[PDB]
Structure formats: structure tokens, C-alpha cells
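First comes one chain, alone, set out as C-alpha cells in the form deposited in one PDB entry.
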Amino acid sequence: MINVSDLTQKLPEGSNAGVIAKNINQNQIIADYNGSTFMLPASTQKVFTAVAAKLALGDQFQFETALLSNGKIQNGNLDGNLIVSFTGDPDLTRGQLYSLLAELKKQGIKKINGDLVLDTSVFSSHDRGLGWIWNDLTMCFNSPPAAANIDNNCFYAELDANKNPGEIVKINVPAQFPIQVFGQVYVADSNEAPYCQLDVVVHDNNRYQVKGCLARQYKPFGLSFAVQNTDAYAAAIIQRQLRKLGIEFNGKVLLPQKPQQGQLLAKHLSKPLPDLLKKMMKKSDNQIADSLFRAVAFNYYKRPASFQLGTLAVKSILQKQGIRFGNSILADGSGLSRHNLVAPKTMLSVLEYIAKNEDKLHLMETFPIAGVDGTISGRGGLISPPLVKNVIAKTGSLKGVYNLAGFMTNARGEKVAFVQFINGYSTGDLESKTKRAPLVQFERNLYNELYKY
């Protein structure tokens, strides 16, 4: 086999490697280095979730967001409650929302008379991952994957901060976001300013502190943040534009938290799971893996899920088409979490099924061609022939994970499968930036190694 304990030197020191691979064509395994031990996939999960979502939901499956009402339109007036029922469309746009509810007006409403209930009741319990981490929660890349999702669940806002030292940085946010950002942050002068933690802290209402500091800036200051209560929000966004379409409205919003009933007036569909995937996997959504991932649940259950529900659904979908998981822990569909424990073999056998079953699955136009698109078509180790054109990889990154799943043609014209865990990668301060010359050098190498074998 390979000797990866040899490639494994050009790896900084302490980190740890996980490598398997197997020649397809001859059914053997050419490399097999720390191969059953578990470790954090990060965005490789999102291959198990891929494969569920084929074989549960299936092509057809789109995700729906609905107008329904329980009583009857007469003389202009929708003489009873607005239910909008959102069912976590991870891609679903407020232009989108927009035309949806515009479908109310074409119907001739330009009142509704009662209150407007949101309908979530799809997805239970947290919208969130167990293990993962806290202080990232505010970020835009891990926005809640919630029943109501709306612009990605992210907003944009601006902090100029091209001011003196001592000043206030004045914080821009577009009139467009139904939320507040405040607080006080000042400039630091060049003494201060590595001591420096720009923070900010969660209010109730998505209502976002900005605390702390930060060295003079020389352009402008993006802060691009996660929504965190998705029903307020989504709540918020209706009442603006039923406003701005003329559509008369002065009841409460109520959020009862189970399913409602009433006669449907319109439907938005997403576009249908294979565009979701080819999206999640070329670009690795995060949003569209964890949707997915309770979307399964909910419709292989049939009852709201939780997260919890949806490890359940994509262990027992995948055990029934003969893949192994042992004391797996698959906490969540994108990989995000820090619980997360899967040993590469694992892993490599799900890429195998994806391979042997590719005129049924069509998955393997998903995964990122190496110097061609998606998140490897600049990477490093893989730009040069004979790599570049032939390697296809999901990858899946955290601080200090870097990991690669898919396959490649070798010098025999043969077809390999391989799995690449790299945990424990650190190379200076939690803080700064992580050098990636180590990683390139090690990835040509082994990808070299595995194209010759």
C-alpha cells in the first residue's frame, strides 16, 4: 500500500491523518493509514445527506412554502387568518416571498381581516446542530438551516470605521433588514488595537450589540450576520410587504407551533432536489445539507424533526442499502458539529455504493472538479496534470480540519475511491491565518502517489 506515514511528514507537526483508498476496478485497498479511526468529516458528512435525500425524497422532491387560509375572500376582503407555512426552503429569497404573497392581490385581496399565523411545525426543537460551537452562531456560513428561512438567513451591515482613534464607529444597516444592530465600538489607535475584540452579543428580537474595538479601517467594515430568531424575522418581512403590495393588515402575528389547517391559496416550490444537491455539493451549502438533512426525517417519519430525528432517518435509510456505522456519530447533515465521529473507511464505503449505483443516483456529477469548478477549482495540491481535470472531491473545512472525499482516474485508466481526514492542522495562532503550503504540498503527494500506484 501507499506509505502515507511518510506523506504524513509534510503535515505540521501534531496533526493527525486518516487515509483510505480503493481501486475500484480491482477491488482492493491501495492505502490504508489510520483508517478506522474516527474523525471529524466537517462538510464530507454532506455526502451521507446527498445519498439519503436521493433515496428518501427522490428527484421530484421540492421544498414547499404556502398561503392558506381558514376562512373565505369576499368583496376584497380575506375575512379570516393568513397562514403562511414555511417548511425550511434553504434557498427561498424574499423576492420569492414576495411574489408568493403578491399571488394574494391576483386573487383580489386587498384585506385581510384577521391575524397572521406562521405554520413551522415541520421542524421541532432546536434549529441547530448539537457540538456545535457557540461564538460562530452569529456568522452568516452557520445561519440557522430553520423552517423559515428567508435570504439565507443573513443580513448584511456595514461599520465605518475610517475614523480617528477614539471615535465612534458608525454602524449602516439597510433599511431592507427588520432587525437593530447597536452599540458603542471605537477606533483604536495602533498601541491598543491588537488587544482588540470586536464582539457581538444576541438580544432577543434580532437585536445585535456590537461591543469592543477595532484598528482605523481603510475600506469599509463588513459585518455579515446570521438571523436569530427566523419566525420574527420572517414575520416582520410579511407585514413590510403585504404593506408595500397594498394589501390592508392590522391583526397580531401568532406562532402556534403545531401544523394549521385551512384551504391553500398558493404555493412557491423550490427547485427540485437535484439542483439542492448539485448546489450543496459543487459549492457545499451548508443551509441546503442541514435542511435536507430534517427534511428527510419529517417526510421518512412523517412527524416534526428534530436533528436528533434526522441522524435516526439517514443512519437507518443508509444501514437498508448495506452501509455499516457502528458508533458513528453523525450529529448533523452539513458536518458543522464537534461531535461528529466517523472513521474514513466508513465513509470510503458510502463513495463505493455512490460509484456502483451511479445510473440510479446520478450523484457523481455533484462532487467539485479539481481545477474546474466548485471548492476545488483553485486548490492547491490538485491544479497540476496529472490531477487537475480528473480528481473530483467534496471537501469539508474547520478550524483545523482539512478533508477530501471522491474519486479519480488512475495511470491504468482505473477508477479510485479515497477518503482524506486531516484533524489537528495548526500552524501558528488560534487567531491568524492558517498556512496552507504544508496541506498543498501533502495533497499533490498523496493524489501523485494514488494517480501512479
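Positions refer to the first chain, counted from 1. Whichever C-alpha set is largest while still superposing within 1.5 Å between the two forms counts as the rigid core. What changes on going to the form deposited in another entry:
- Candidate set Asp189, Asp199, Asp115, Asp79; criterion, C-alpha shift of 2 Å or more between the two forms after rigid-core fit; matching residue, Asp189.
Same protein, different state: after the form deposited in one PDB entry, show the form deposited in another entry.
The next block holds one chain only.
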């Protein structure tokens, strides 16, 4: 086998690598180093979700966002509640929801007599996985994969930090966002400036308290944040849209937990599963992965879906196909949880199942391609021949973690599946951009060795 031990000499001191690789044609393991150690898979976890979704949802699967009502239309009035049904569409734009509501106009509803009711019942319990880190929850990459999801459940604020030390930075929220940003951030001089933290503390109803400081900067810029209460956000946006459409409403917003009985007025459908999976796999969209993860449970068990139900469903589905998990922990579909524990060999068995069943699953085309697209279009260790345009791989990255899982063609045109998990990688401290050079060098050498072996 490849001497993976010698290769990890170039990784930073303290790090730990789990590396396993198999020549599928020869049915031979050609690298095996901590292949059985549980590690943090980060976003390589999305491979499991991709397979489960293919199998339990199918290529015709679409997320539906619907408008329903129990009552009768007449005189331009909807004589009852407007029910808005959200099922976790992670790719729903504000533009789409608007056209959806526009459908009420087209049917001559001039005004709604009753209350606005949101049906988010297909998801159950929290909209965050267990073991997610609290301070990342305001970052847009970590926006909640909730039933209601509008423009990725992210917003930005406009900041102007062009000021002398001690002065207050100006923060405005653009008029489209029903959010508050409150508190005060000051400009720090270049001394204290390397120390700066911007603190964001969440309060109810999408009110974000900022504190701390920032280094002077000349030009305005935007900071993005995740929406926290996605039901209030969604309801506030629908009410503004109804006004814009000139449909009249003066009811309250209700948020029941149970499916809402009704007559269907209109429906919007997302792109189907193959397009969602491709964006999830190429760009590594956390929210698509966690929505599919629970959509899989919802459809598979026919009951409202918690992340725990997602875990049960994904394992049960892949187990049906011969995959064995032992005591792996799969707390989410995106890989964000710090409780996830998976060994390289388990990820590898899934990659083999993917390559074996490619005629059916067509998942190979979803993987980023070295030097070409997705999250590895510029990956340093992969950017030269013989690896460029040859290595395809799902990436996973968290603080301390640099992973790759996928396939390549060796110098004999045989296929090699491989999993690389690197954890404990640290070359400065909390809030030091990480020196990636030893990683570029490890990966360049590793994939060349698997190429020639």
C-alpha cells in the first residue's frame, strides 16, 4: 500500500489523518491509514444524504410551497384563512413566493377576510442539528434549514466603517429585510485592531445585537447574517407582498403545529431532485443537505421530521442497500455537527456503492472536478496534471478539518475511490486564517501516489 504515514509528515504537528483508498477495478485497498477511526467528516457527510435522497425521494421529487384555504371566494373576497404551506424548499426566492401569492390576484381575490396561517408541520422539533456550535448560528453558511426558507434565510446589513478610532460604525439594514440590528460597533486603531471581535447576540423576532469593534475600512461593505426566526420572517415578508399585490389583509399570523386541512389554491414547485443534489454537491450547500435530510425522513416515515428522524431514515435506507454504520454518529445531513463521527472506510463503502450503481443513480456528475468546477475548481494540491480534470471530490471544511471524498483515474485508466479526513489541523489559534501550504503539499503528494500506484 501507499505509505500514508510518510505523507502525513508534511501535515502540521498535532493533526490527525484518516485515509483509505480502493482500486475498484482490481477490488483492492491501496491505502489504509486510521481507516477505521471515527472522525469529523464535515461536508463530505452530504454524500450519504445524496444517496438516501436518490433512493427515497427519486428524481421526480420536488419541494412544494402551497396556498390553501378552507373558505369560499366571492366578490373578490377569500372568506376565511389564507394557509401558506412551506415544506423546506431550500431554493425558494422572494421573487418566487411573490409570483405564488400573485396567483391569488389572478383568481380575483381582492381581499382576504381571515387570518394568515403558516403550515410548517412537515418538519418537527428544532431546525438546528444537535452538536452545532452556538456562535456560528448567526453566519449565513449556517442559516436554518427550516420549513420556511426564503432567499437562503440570509440577509445583509450595510456597514460604513470609514472613521477614526473611537467613532461608531454606521450599520443600516436595507429596506427589504424585516430585521433589526441594534447596539454599537466602534472603529479600533491598528494597535487594538488585530484583537477585534464583532459580537452578535440574537434576541427574539430577528433582532440582532452587535457589540465590539472593527479595523477602519475606507469603503462601505455588507455583512451577511442568518435569519433566526424563520416563521416570523416568512410571515412579515408575505404581509408586505400582499400589500404590494394590493390584496387586502388585516388578520393575525398563526403558527399551528399540525398540518392544515384545505382547498388548494396554488402551488409552486422547486427544481427537482437532480438539480438540487447537483448544487448541493458542487457548491456544498448546507441548507439543501439538511432540508433533503429531513424531507427524506418525512416521506420515508410519513410523519413530521426532526433531525433525529432524519438520522434514523438515512441509516435505515442505506442499510437496506448493504451499507453498515456500526456506532457512527450522523447527527445531520450537512456535516456541520461537532458530534458527527464517521470512519473513512464507511464513507468509502458509500462511494463504492455510488460507482457501482452509477447507471441508476447518476451521482458521479454531481462531484466537483479538480481545476474545473465546484469547490475544487482551484484547490491547490489538485491543480496540475495528472490530477487536474481527473480528480473528482466532495470537500468538507470546518475549523481544524480538511477533507476530500471522491474518485479519480489512475495511470492505468482504472477507477480509484478514496476518502481523506484530516482533523486537528491547527497552525495559529482561534481567529487566525489557516496556513494551507502543508495541506496543498500533502494532497498533491497523496493523489500523485494514488495516481502511480
